[PDB]
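Next come the chains, spelled out residue by residue.
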Amino acid sequence: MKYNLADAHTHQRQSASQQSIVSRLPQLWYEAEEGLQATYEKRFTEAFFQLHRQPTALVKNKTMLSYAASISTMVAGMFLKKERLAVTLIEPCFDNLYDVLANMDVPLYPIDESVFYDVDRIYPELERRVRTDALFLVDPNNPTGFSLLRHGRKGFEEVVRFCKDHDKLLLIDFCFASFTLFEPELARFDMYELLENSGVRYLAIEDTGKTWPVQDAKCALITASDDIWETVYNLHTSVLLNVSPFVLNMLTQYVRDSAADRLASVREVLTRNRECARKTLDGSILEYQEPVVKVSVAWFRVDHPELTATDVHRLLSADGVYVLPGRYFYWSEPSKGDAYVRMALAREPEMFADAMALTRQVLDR
Amino acid sequence: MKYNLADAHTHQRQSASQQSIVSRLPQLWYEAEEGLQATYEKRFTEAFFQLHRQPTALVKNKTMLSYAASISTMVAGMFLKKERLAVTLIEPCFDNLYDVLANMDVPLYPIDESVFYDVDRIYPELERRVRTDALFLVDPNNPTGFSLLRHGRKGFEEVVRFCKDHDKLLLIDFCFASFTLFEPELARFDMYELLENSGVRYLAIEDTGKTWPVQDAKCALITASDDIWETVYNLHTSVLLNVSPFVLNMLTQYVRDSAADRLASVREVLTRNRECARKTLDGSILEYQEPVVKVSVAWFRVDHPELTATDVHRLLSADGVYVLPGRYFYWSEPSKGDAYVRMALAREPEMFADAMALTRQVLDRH
Ligand SMILES: CC1=C(O)/C(=C\N=C(/CCCNC(=N)N)C(=O)O)C(COP(=O)(O)O)=CN1
Ligand SMILES: CC1=C(O)/C(=C\N=C(/CCCNC(=N)N)C(=O)O)C(COP(=O)(O)O)=CN1
Numbered sequence: 026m027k028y029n030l031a032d033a034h035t036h037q038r039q040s041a042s043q044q045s046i047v048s049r050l051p052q053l054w055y056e057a058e059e060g061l062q063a064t065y066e067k068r069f070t071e072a073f074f075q076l077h078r079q080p081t082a083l084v085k086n087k088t089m090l091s092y093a094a095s096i097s098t099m100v101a102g103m104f105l106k107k108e109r110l111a112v113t114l115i116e117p118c119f120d121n122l123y124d125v126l127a128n129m130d131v132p133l134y135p136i137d138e139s140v141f142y143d144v145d146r147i148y149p150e151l152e153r154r155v156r157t158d159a160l161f162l163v164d165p166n167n168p169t170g171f172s173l174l175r176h177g178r179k180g181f182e183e184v185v186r187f188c189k190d191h192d193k194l195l196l197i198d199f200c201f202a203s204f205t206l207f208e209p210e211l212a213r214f215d216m217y218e219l220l221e222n223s224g225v226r227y228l229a230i231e232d233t234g235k236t237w238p239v240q241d242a243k244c245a246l247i248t249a250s251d252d253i254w255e256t257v258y259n260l261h262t263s264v265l266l267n268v269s270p271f272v273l274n275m276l277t278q279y280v281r282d283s284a285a286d287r288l289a290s291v292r293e294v295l296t297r298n299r300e301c302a303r304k305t306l307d308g309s310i311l312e313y314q315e316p317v318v319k320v321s322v323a324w325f326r327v328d329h330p331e332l333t334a335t336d337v338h339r340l341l342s343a344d345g346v347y348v349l350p351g352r353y354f355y356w357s358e359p360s361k362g363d364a365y366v367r368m369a370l371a372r373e374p375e376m377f378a379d380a381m382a383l384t385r386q387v388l389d390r
Numbered sequence: 026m027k028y029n030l031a032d033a034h035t036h037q038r039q040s041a042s043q044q045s046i047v048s049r050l051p052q053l054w055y056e057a058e059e060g061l062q063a064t065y066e067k068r069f070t071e072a073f074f075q076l077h078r079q080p081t082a083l084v085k086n087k088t089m090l091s092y093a094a095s096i097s098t099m100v101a102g103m104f105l106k107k108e109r110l111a112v113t114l115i116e117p118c119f120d121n122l123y124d125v126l127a128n129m130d131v132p133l134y135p136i137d138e139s140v141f142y143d144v145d146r147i148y149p150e151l152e153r154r155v156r157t158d159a160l161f162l163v164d165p166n167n168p169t170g171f172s173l174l175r176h177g178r179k180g181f182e183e184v185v186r187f188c189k190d191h192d193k194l195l196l197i198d199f200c201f202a203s204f205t206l207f208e209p210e211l212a213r214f215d216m217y218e219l220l221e222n223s224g225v226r227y228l229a230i231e232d233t234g235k236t237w238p239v240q241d242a243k244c245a246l247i248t249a250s251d252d253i254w255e256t257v258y259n260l261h262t263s264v265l266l267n268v269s270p271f272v273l274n275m276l277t278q279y280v281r282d283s284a285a286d287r288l289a290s291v292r293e294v295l296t297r298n299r300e301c302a303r304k305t306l307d308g309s310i311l312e313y314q315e316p317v318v319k320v321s322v323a324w325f326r327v328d329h330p331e332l333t334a335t336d337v338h339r340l341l342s343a344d345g346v347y348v349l350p351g352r353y354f355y356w357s358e359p360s361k362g363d364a365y366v367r368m369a370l371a372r373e374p375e376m377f378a379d380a381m382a383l384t385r386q387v388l389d390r391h
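These protein sequence lines map, in sequence, to chains A and B. Numbering follows the deposited numbering, with no gaps: position 243 of the first sequence is 268. Numbering follows the deposited numbering, with no gaps: position 328 of the second sequence is 353.
Keep in mind that the hints were calculated from the coordinates and are not lab data. Keep in mind that a hint or two might mislead.
Claimed, not checked - With a straight-line cut-off of 30 Å between C-alpha atoms, the simulated DSBU-like cross-links for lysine-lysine are:
#, chain 1, residue 1, chain 2, residue 2
1, B, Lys107, A, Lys107
2, A, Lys106, B, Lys27
3, B, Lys85, A, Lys27
4, A, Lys87, B, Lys27
5, A, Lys85, B, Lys27
Could you put the whole structure together from the sequences, leaning on the hints where they help?
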């Protein structure tokens with residue numbers, strides 16, 4: 026038996042109310058056939074930004090939809106190349122973001138996540154360290170679950186202040202932002218109000234695929250500041266005319282379903298696995314790194330005098346447990362990741378607990 | 026009342042047997058959910074290349090799957106940019122191919138479709154006119170329905186001979202190739218056998234979204250020659266890890282359904298609309314251009330001393346009929362396209378017939 030705890034894609038099963046969505050897939054199909062594409066785009070975008078509490082995005086009504094967040098990222102990549110912009114990119118970060126931008130020949134330079142830990146040091150650290158015209162953040166971050174929302178509004182406000190002051194393009198990947206929702210202290214505020222009010226040049230990417238168990242039948246959203254909107258619109262329309270109205274109709278049901286249960290069916294699965302990993306590996310050579318935000322991945326430091334993350338990945342995979350070593354997140358210098366391991370949490374809790382038992386057995390040598 | 030005959034996306038409704046696929050979407054969901062991603066990739070790729078009769082592609086087993094043909098095209102674009110290659114691209118052709126490659130800063134130079142009309146002139150015409158390192162064809166072509174398959178095997182064989190002899194990367198978009206299938210004289214042969222045997226450097230793109238009424242819940246396929254396979258694999262993997270196994274499972278049922286009826290439910294709808302347009306517009310200012318292949322779009326020349334395609338589009342859209350001016354297909358020189366109009370055929374026949382009656386009414390006023 027193999028245990029894939031590697032990719033962060035959703036592989037948990039449907040909740041009871043989500044099984045009701047599955048049951049009406051035929052009607053969702055025939056509805057999308059009879060209705061207008063624009064209707065399903067509007068209903069999806071409205072449901073999404075109502076759940077995420079981003080009302081400014083619905084007033085501006087300039088958001089464009091694509092097959093996946095990486096496709097939105099490639100549209101951003103075309104804009105970066107057209108404007109001769111290099112990117113300072115968050116590190117650590119899931120390295121496919123580096124890979125796709127590097128494959129588009131965007132020059133890329135790291136900035137360590139620790140620059141954002143102290144709210145009163147964010148602005149001077151960016152002034153000293155950001156030497157490109159574009160800054161690309163992932164918030165909450167993958168793999169660490171870090172979020173500027175630890176600082177309330179002020180963390181994002183300081184980043185936006187820096188980028189506006191210095192005429193930088195601010196790109197933000199909000200794929201994990203659903204995991205802040207309904208949190209008493211961390212629930213995201215209206216980011217588009219801040220982005221619009223500041224006049225900063227920006228590209229904001231949102232996603233459905235990591236939140237819901239939709240088997241990667243998904244939709245991503247990109248929103249651009251008004252000054253670049255037309256250029257980005259034309260870039261986007263060269264990639265695709267439309268996302269499937271069937272998929273949009275289906276995703277709208279998942280979004281509405283999660284508004285009704287305040288994301289309980291998502292949060293409860295991740296919590297069960299996060300807590301199982303924490304308890305099972307407490308005191309082991311894999312040291313759990315508590316995240317700011319309860320995201321769908323768990324991050325561990327290797328605590329051993331000799332073994333590295335490469336060793337831990339090898340030993341676990343030999344027994345059928347597949348995790349990702351940190352080389353896949355320190356994209357500018359993979360050797361820096363040899364002290365870390367990431368595990369995916371969007372999984373069925375039974376398989377996950379069996380994987381945790383086997384993992385502890387292996388680590389106990 | 027609006028009649029969208031512009032984009033070529035499939036908007037016809039489901040056949041009786043396709044309705045049985047829609048009715049089983051819950052079952053197809055749970056299959057993919059409990060199953061392995063690689064299972065649904067393999068079963069889809071097998072069904073697809075069985076229907077298209079491309080057995081070599083299944084032996085090589087190196088084809089990669091993406092959300093849509095434009096995404097596969099952007100992977101090819103990343104390869105073209107990494108190698109710093111200029112492209113000679115077929116003209117006319119749907120200009121989104123030009124747009125996405127131009128937006129990736131790929132240099133693009135046109136070659137007219139007519140270089141392929143005479144099989145014994147293909148090679149010398151390419152030697153004169155292809156002065157870049159890459160050649161990008163669309164076969165069958167959009168909007169004209171032209172295909173090298175009018176020449177049997179020999180048209181493609183001459184193109185491949187040229188590209189091999191002169192060290193050209195050959196890119197081919199096969200998205201309209203389903204419309205050749207089961208044709209007595211035009212059915213595509215195994216293209217991958219020729220591409221592999223020749224040793225030519227190539228990128229080949231296949232599609233589902235224009236064939237079946239799957240509401241753009243679709244999948245495209247890209248296959249590279251062995252010498253560039255690893256590079257292209259790494260480029261492709263940076264774009265996506267996987268296509269939805271639910272979508273793959275669903276699409277596999279459409280492919281199998283059309284194997285069972287020899288694509289009749291697709292062909293008959295397109296033929297009904299093609300014939301309606303031909304009969305309705307016979308003798309009008311829109312001169313039907315008979316295609317080599319019965320593709321899902323119809324192409325017309327504007328036969329008038331003053332009126333352009335832009336004028337025709339304006340007049341028709343004022344009464345709610347939306348066609349495309351040919352400017353959107355002469356991407357190197359859009360004015361050339363003001364002599365042509367394209368109409369989408371993948372449409373419910375009753376809507377299409379009403380659109381045709383209104384179209385001739387509008388045209389009969391000028
Ligand atoms: C915060 C974030 C992610 O974590 C993420 C994806 N996570 C991944 C890649 C898996 C490998 N991806 C690949 N090979 N192309 C992960 O396991 O963390 C993406 C991209 O989303 P799409 O793949 O385009 O749907 C965007 N923002
Ligand atoms: C031969 C061919 C096509 O005709 C075609 C698409 N036809 C179109 C563009 C519609 C507009 N597309 C856009 N704005 N991106 C048409 O109406 O002919 C595509 C690309 O397919 P995807 O859109 O990625 O699914 C590839 N090969």
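Status of the hints after comparison with the structure:
Taking the CA atoms of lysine 107 of chain B and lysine 107 of chain A, the gap is about 16 Å. The hint holds against a cut of 30 Å. As the CA atoms of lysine 106 of chain A and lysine 27 of chain B are separated by approximately 39 Å, the hinted pair breaks the 30 Å bound. Proposed proximity of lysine 85 of chain B and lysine 27 of chain A is supported: the alpha carbons are some 27 Å apart, at most 30 Å. A distance of roughly 24 Å separates the Cα atoms of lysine 87 of chain A and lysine 27 of chain B; the hinted pair therefore holds under the 30 Å criterion.
Between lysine 85 of chain A and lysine 27 of chain B the alpha-carbon distance is near 27 Å, which keeps this suggested pair within the 30 Å criterion.
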